[PDB]
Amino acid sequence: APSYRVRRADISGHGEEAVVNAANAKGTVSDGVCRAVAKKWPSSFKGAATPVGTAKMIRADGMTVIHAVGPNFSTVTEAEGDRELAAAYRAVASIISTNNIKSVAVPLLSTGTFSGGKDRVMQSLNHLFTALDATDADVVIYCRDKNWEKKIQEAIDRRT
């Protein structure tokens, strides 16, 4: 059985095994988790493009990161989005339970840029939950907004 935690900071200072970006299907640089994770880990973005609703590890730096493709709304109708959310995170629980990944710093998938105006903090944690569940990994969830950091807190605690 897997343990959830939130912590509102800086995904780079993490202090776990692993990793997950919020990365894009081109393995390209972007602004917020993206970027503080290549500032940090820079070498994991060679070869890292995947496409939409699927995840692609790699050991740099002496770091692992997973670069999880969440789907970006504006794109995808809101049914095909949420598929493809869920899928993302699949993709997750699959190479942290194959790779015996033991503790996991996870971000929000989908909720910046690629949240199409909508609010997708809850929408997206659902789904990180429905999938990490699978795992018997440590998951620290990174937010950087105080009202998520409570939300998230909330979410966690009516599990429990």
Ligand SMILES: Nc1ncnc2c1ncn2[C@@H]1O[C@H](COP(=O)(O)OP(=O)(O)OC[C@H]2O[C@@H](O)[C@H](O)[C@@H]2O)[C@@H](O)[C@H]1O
Contents of the next structure:
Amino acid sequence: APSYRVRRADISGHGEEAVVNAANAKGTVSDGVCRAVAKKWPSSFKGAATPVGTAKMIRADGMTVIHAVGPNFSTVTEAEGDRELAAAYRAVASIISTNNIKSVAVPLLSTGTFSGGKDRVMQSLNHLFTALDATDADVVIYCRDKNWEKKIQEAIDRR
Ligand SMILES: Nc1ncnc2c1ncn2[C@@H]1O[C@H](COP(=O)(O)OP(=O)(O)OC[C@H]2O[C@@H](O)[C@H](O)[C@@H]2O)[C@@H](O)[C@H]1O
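For the form solved in complex with ligand APR instead of the form solved without ligand APR, what are the coordinates?
Next comes the full complex, and the chain you just saw is listed first.
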């Protein structure tokens, strides 16, 4: 069975075997998780472009980087975004299980730039749990907000 922890820290400082980038479909560097990932593992972005609702893995700079593209909720209906966000997390879970990845640092996809101006912490976290429950990985969820850290910890505990 998988294990879940939350850290309020820069995800670039994670101690896990792999890291999930909250990526865009074009594989460009922009504000958010992506900027921290690009600074720490700059060569991890070579050929990383992948469609919304999918994930693409690379080994670069001594790290396993999983580029997961959540939906931009400004560009899809709520129901379409919900399906695509579930799909991105399942694509992450598949990469974890098929590559025997023991531990992974994961941000909450579609909760920043792609949030469409809405609070989607619980929506994104619930899809993270559902998808990564299919793995036996040690999952560490990364955030920067003290409020988010507490709600994520509350959610982990309820399980
Ligand atoms: N370095 C970081 N470490 C940990 N958490 C972080 C970090 N940077 C941002 N976060 C948090 O991770 C969550 C996801 O943030 P985004 O990176 O904005 O993710 P998303 O909404 O999926 O959009 C990602 C996209 O932003 C675009 O600029 C860019 O193209 C990138 O692909 C947000 O709650 C944010 O507070």
